[PDB]
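**Q** Please construct the entire structure, taking both the sequences and the accompanying hints into account.
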Amino acid sequence: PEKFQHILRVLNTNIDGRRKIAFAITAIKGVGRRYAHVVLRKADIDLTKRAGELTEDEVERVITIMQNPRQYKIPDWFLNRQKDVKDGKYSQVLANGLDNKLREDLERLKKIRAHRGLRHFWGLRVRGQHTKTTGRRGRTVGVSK
Amino acid sequence: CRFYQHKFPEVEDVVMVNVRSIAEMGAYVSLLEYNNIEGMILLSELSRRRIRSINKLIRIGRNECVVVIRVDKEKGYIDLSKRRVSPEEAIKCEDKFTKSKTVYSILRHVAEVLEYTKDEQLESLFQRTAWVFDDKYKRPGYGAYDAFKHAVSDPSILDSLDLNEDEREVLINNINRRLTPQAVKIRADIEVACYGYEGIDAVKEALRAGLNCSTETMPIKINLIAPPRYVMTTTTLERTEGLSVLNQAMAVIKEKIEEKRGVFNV
Amino acid sequence: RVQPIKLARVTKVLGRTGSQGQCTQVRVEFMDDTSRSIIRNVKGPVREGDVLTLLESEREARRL
Amino acid sequence: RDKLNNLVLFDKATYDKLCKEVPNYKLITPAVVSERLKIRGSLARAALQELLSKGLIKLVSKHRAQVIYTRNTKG
RNA sequence: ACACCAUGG
RNA sequence: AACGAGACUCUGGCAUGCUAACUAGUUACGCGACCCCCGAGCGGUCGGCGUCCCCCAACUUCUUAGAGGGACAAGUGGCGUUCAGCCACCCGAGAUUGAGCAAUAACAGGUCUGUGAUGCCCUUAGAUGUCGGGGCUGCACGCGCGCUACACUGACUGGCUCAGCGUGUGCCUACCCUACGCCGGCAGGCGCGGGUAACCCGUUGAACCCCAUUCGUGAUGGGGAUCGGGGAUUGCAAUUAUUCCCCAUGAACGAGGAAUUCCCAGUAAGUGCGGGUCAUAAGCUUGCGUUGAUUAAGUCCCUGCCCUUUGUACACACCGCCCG
RNA sequence: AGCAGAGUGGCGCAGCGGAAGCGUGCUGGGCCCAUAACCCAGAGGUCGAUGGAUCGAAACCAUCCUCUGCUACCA
Ligand SMILES: [Mg+2]
Ligand SMILES: [Mg+2]
Ligand SMILES: [Mg+2]
Ligand SMILES: [Mg+2]
Ligand SMILES: [Mg+2]
Ligand SMILES: [Mg+2]
Ligand SMILES: [Mg+2]
Ligand SMILES: [Mg+2]
Ligand SMILES: [Mg+2]
Ligand SMILES: [Mg+2]
Ligand SMILES: [Mg+2]
Ligand SMILES: [Mg+2]
Ligand SMILES: [Mg+2]
Ligand SMILES: [Mg+2]
Ligand SMILES: [Mg+2]
Ligand SMILES: [Mg+2]
Ligand SMILES: [Mg+2]
Ligand SMILES: [Mg+2]
Ligand SMILES: [Mg+2]
Ligand SMILES: [Mg+2]
Ligand SMILES: [Mg+2]
Ligand SMILES: [Mg+2]
Ligand SMILES: [Mg+2]
Ligand SMILES: [Mg+2]
Ligand SMILES: [Mg+2]
Ligand SMILES: [Mg+2]
Ligand SMILES: [Mg+2]
Ligand SMILES: [Mg+2]
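Protein chains in written order, with full-length UniProt numbering: chain A, 6 to 150; chain B, 6 to 271; chain C, 5 to 68; chain D, 40 to 114.
If you are wondering where the hints come from, they were derived from the structure by calculation, not from laboratory data. Among these hints, one or two may not hold up.
[What the hints assert, rightly or not] Straight-line Cα separation of at most 20 Å, EDC-like style, residue types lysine to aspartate or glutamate; simulated pairs:
1) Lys51/D with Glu74/D
2) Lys54/A with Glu89/D
3) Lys42/D with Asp21/A
4) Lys259/B with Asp194/B
5) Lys101/D with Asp55/D
6) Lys56/D with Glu7/A
7) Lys51/D with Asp81/A
8) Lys78/B with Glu15/B
9) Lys101/B with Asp139/B
10) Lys54/A with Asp55/D
11) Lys209/B with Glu263/B
12) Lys34/A with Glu109/A
13) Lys80/B with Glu15/B
14) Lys77/D with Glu7/A
15) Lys25/A with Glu65/A
16) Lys8/A with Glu63/A
17) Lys259/B with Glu196/B
18) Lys123/B with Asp41/D
19) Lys51/D with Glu7/A
20) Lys77/D with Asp21/A
21) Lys77/D with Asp50/D
22) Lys25/A with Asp62/A
23) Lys8/A with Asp50/D
24) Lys8/A with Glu89/D
25) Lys143/B with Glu99/B
26) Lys88/A with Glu112/A
27) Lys47/C with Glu29/B
28) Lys8/A with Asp55/D
**A** Written as C-alpha cells, this is what we have:
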C-alpha cells in the first residue's frame, strides 16, 4: 500500500514523512500542534494520512495557509506575534523569523538597558523567581584555606 | 560467536567473567570465556575473610577469573566461586584469553565480505577451524594461535586443508605483523686489552671472521660500546638457531689477537 | 547425592526461635511411618496439622 | 535503548506474509503481529481489521484496552 | 557457643 | 488511705420498637397532564417513564434528632495451684472503633516580637512614639519539609454516571455565596432575582474510576522547566513580571550511590472537595469523603523504655572520671 | 660520556594488542550529641616527544628528551 516517496523538505526544515501529517509538520518552529490542526482544517486535508501520502500540490495549499493565516480566516488571537512592537502587524513568525524576532526583541530590551535586558545579559532568571536554591549550575566550593 | 570447543563450561574450569550486577544473595555476571549465558556467584564466596564494603572487591565492569563449581547442564544454572583461585590460574587463563580474543577478532574479517547476515556462520567457520586446530595441539599444551604461528612462518597446514579466498590474506597480513620480531639478544661478551699496534687490522680480519661458513654480503650489527670490547649482533634469524655463532665465533678473535704479541684473554 | 522428597505433617508447635523471632520450631511425623518424628525449623506461619515438605529428612536443626 | 525498526505501510513481501500468517496463529493480537513482523502497530490494527472484513479471522473479544482474534474457529 | 567500639568547651 | 491507670465525656457501628415533622420524605391514589406502544389491547382501558402539577390522603421505612434498649468474657468446650484470668466456638449490628482528659519531680527547653501581664537597664524632640522610596525575593555553594515526572497497569479526544464534612451580606472595618438571561474562543462583561440560610447556590451533575477513538518503544503526542508576543480582573500602585487566559519555545529526567522516613484494616497509597490566611490568592496546613491492596498476629537482634539483683574511684552523674 | 631501570590522575603505581584503572590526596556528602576511624559520589589523563609496522596500541620497532642507582671519573 502506497509505496511512493515519504520524506519532504518543507521550508528550511526536514519534515519526516512517516508521522501523521498533523504531528508531521510540527517539526517546524513557531508551529505548535494546536496551530497545525487549524491549518490542516482550513486546508481541507484529510487527517488520517501520513506525510508520505500527500502529493506536491496539497503541500503548497498548506504552506500558503501557514504563511498567510490572517487571510484564510484564522482569527487574530491564534497568531503568536500580535500588534508587533515596531509596526503594528499581526502574524505567525515561522522558521528563522522566530530566531530573528527573539534576537531583535532581546536587542531592543538591552539597548535601553531595561531591567530585563540586563538580566538577559548577566544570564539570570528574568521573571520573578527566587534564585537562592535553583538553577544551580556551577561547581562545589570548599571552606579550606 | 563462540570462544571454545564446548559452549557450556565444565566443572572445575576457571573462566573470565565481567561482573555486571551485585545481587542480593550473589552477583549476576556475564560469561566472557564462553558465550554470554548468565552466571551467579554466591556472596558467601568472594573472599575467605570478613569484608567492609562489596564495592572494594567487585564492581560493575571488572574482568576476573572465577571457578565454576556446579552447573545444571540442562536448565542453564552456572554456579560460580572466587574463594577458590590461585593467582597462577589467573595467569594461565588471562594469557590464553588474550590469545583467544585476537583469534576472535581475526576470524571476523571473513564475514566482512562473506555472508554475515547471521552470527551462526561464525560458528560454521569456527567448527572447521578452531576445533580441528586445537584437537591436535591440546595434547602437549598448544592452541590454534600456535597453528597460525606455524602457518605464517612456513604456510603448510592451511593448504593441507580446505583453502579459502582472501582469508589467508587477512590471516598472514595480520599475524606476521602481530607475529613481529622476536628480538635477538646475543652480544659479544669479550674483553680485550690489546698489545698489538697492527691490531686495528686484526679486529678487521676477525670481524670478517665473525660468522663462519657464510658470505661477505649479509649484514651484522656492530656496536662500539667499549673501546676495549668488540660487540656484535650476529646473523639475524630469530634468536633460535644462531647459537654456534656465539659459541665458536669469539674463539678465532681471541686467538688471533693473542697470537701476535703478549698473552691475552679467552 | 540424590534423595527423594519427604512429606511430614506438623503435630505440635514449640516456640518461635531465631534472632528476630522469625522461624518457628515444630515437631513433625512422616506420613509413611507415623512412628518417626523430628524437630524442624520453618519460615512461614505454620498452624497445626498441615503437610510440610522436606528436601533432606536426615538433618535435625537444634537452634536459630 | 535501540532502534526498533517498524514500517507504517506494507511492502509486498510483508503483505504476502500477512495474507499467509492467518492459519499459523492461534493468538492474533495487534501486539504479536507488530512484533513478529516489523509493523508500527497502528498499521497492525488496520491490517487485522482488513483481514477480519474478509472473514479470514474470527474476533473473540474486543475491548478499549486489548483486542484478540483466533485462527478460524475450525480444526 | 567472643573481629573492630578511641575521645569530650 | 490519696493521686496516676481505670471509671468518665464526645464520636462510629444496631433498632421496620417510641416521640413527630409543607425548612425531609415515601406510598397511594384524588388526580390530572406529557410521551411513546413499549407489552394485553388499538392508540384509552391493563400497564410502562416523571426531581410533571396537585391532596384539607395515609404513614415515618429512607431524612432529621431526642428519651430509653443493647455487651457482660454473659453461654458452651478446653488450659489455670481450679483463684485472677487465657484460648477456640455458638447467637449477634458488635466479642480488640477513634479521640479528649492525665500524676509527683523537673528543664537555666521556647516566648519580653500575643498582652493596658511585668522588675531592672537604655533612648526620650537632632527620638528607639509618622509619611514617600527600597529591603525581607538579592546567588559561585551546603542542607531540610515538599510538588510534578520518567509513560502502554499510559497520554489525547468524546461519551456515561456516583459523595461527605463546610462556609455564606462584616457591629469600626465596609467585603459576602450565587441562580437564570444576554454578549465574548478564553479569562471576563452587562442585566435581573434568591439567601441572615434543612428555605437560595443545591438533587452540591467532583476527580480517579467506567465505556469507545487516535498514537506505537522513538526524549515520542511521555515530561512541562525556561523564554517571546498579546488579552482581562483586583487595587491608590502590578516594574524585581500578584493572580488569570491564548499562540509560540520544548531543558533535566529512561526508576535514582552511601544512607534513611511512615505504616497493621476501611489502615498504606491513588483521587478530588471544603475551612484557615484571603482587596486579589496554595506546590502549605487543618478536616471530608471516594476506589481500596501486598505482608504480621512475632521477637529482644538493632535504637530505646520499665521492674529486680549486682559492680563503681561517677554525683555538672559515662557527653563522668583519669595515667604517663 | 656509558650501562641498567622508569616516564600513565596532585603524588606513588598496575596495565603479556580488541585498550583509563588502583592506593593516596582534593572537593562534597553519609554515619555520631559531636570529632577521628569507617562508608559513598564527583572532578583531575598530550599514557614523555617524534615517525613507522599492525585491521587496530599507552604497550611493538627506530630516533631524541627527562629522572633514579652504579662504575667511568675522562688534556
Ligand atoms: Mg562512645
Ligand atoms: Mg585527644
Ligand atoms: Mg588528652
Ligand atoms: Mg463508646
Ligand atoms: Mg449516625
Ligand atoms: Mg421527586
Ligand atoms: Mg443514646
Ligand atoms: Mg468456664
Ligand atoms: Mg454469626
Ligand atoms: Mg478505647
Ligand atoms: Mg506525666
Ligand atoms: Mg511573653
Ligand atoms: Mg520588659
Ligand atoms: Mg504608627
Ligand atoms: Mg513605610
Ligand atoms: Mg523570609
Ligand atoms: Mg517540620
Ligand atoms: Mg505575595
Ligand atoms: Mg486542602
Ligand atoms: Mg475567598
Ligand atoms: Mg483558599
Ligand atoms: Mg504557612
Ligand atoms: Mg515493668
Ligand atoms: Mg547498689
Ligand atoms: Mg551504689
Ligand atoms: Mg565527687
Ligand atoms: Mg567536666
Ligand atoms: Mg569517655
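**Q** Does each hint hold? Answer for all of them.
**A** Here is how each hint holds up against the structure:
1. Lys51/D with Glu74/D: Roughly 18 Å separates the two Cα atoms, so the pair holds.
2. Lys54/A with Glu89/D: 17 Å, holds
3. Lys42/D with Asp21/A: The given pair, whose Cα atoms are some 16 Å apart, holds under the 20 Å limit.
4. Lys259/B with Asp194/B: With a Cα-Cα distance of about 12 Å, the restraint between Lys259/B and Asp194/B holds, given a limit of 20 Å.
5. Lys101/D with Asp55/D: Roughly 26 Å separates the two Cα atoms, so the pair is violated.
6. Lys56/D with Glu7/A: 17 Å, holds
7. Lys51/D with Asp81/A: 48 Å, violated
8. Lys78/B with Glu15/B: Answer holds: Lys78/B to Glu15/B is near 9 Å, not above 20 Å.
9. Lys101/B with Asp139/B: 13 Å, holds
10. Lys54/A with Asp55/D: Judged against 20 Å, a Cα distance of about 23 Å means the pair is violated.
11. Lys209/B with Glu263/B: 15 Å, holds
12. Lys34/A with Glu109/A: At roughly 17 Å apart (the allowed maximum being 20 Å), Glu109/A and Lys34/A satisfy the hint.
13. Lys80/B with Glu15/B: Holds, at about 14 Å.
14. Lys77/D with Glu7/A: Given pair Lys77/D, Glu7/A holds - Cα atoms ~17 Å apart, limit 20 Å.
15. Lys25/A with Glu65/A: 17 Å, holds
16. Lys8/A with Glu63/A: 18 Å, holds
17. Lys259/B with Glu196/B: 9 Å, holds
18. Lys123/B with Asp41/D: 19 Å, holds
19. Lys51/D with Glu7/A: 11 Å, holds
20. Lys77/D with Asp21/A: The given pair, whose Cα atoms are some 19 Å apart, holds under the 20 Å limit.
21. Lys77/D with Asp50/D: 11 Å, holds
22. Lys25/A with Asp62/A: This hinted pair holds, its Cα atoms lying about 18 Å apart.
23. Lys8/A with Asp50/D: 8 Å, holds
24. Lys8/A with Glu89/D: Distance of about 18 Å is within 20 Å: holds.
25. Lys143/B with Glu99/B: Answer holds: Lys143/B to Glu99/B is near 17 Å, not above 20 Å.
26. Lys88/A with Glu112/A: 18 Å, holds
27. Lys47/C with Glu29/B: 19 Å, holds
28. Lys8/A with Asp55/D: Satisfied, since the Cα-Cα distance of roughly 15 Å is no more than 20 Å.
The structure fails to meet hints 5, 7 and 10 from the earlier list, while all remaining hints are met.
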